[PDB]
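Below sits a lone chain in structure tokens, taken as the form deposited in one PDB entry.
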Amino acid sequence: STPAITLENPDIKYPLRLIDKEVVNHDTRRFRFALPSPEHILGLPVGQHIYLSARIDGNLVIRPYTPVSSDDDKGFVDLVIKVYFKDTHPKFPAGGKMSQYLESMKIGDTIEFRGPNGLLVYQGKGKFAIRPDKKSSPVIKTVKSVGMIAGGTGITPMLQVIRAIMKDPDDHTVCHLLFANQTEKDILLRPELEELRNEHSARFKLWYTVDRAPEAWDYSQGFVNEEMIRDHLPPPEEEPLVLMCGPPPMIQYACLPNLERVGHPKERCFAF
């Protein structure tokens, strides 16, 4: 038998109750929500995400999230959230709508989840099912390696796939992650990524870049560029799948042009 799934229908919203909220650091939270019973699982295929929706100051707001939990976790779903507070970043004085709304929730409050969503599903042992659009059949392709470029919150789609591969000892897919952030302080999920590197270095390659670097810095500084893609993703001759998730100017200016310069087919670079 298999556990009961929570996300039974992708057009249904499921209000889930907040049970724990961890202050990871000043602006990072881990929120745990209860599933309908302690024996349920979420029902989120690897590669897909959920949406949160709420009425936030009178207007509907919907945003995608990839949990840090998996379908191995019974009874709960965990989201790691960067809270974008007002009056912090000069280009974003209002801060972020859903992340500040999540920060305001009280234990016992509910929020609507929906899913699964997303055009990519990882089928295991290097095989990805990628739809060109939602109403269309997936292209299945099997790769030996996966390049991953994450910026900021775009790490959680990558971590979900990395963790699904590493937990299968007979999955020989090698993942190469290049993870960009504004500063060293702003990096999410660093201990979790470094645990995976400690345990799985043969199949997991980890590199960081930061827009501005600390005094003591072992990795890259600046935006993702051609050199970093040569040095930190599989070469195009190996025909890796390239996955990306990050802010639009990062994808548009830093990632796609440089993936193309290296020779990866741009048309095949998938953005979550």
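Between two forms, the rigid core is defined as the largest C-alpha subset superposing within 1.5 Å. Residue numbers count along the first chain shown, from 1. What changes on going to the form deposited in another entry:
Among the candidates 131, 144, 89, 127, the CA atom that moves 2 angstroms or more between these two forms after core superposition belongs to 89 alone.
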Given for the second form:
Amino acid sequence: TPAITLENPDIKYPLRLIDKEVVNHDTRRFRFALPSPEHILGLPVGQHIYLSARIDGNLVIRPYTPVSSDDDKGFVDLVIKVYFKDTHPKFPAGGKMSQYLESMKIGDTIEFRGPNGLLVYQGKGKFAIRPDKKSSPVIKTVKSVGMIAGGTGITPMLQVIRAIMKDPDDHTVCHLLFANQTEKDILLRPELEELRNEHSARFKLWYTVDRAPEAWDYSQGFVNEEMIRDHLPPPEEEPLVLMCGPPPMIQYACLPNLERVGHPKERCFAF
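I've shown you the form deposited in one PDB entry. Could you give me the structure of the form deposited in another entry?
Partners and other molecules have been left off, which leaves just the chain.
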């Protein structure tokens, strides 16, 4: 089996930026070389890495979920939204790590660490979820999984979706509700729709956008009760519901509406 990059979560591994690609107006794909062309990252499905750097004199550490997998040898791909300065009146300085990444030249390095996270997908509907960092995982096996993602929150979902569809004996059905500001902000749409086309029995896909185009067949607005009722499995199926998005999306749009529909807190997990 392949050499593993992340052997110890307490250790930092400097990886070299080798390629970069524009995804949309504010988002890019960054490809980093692993320690050798035959290495894999070593990242259990459901977990993430952290990038860290000293940026303008302060320590900055942020979590990312690669869009690559442990089937990929020799590289790791991150899809990252850049929060530019001088753009948002509420955040004139923009974002620290994302702008740092955007400023990197091919050949520059940045430290990776991992794997981390309370949730690990063990395949065939089986999730190992620690209540917190000091407790044993609770092993929950479900027939279906609800997923609510906003913006870059798609990456933890996509990692799980891909892991499932890869295994023809994994009968778990994923229902994704993916929220973004506008149509052009729907990250990884071609990948998601390719998955839908190939795995429609196991992958249900729905979008909402804050602001919708004229020709729009999906939903519009923040996540609401109707969207959760119509686009996630019903509470009676006892699915796990995973969420990843901006804090107010989780707090105000997801949780109260999950409760209205009848999904218990015990079934819900926020990345």
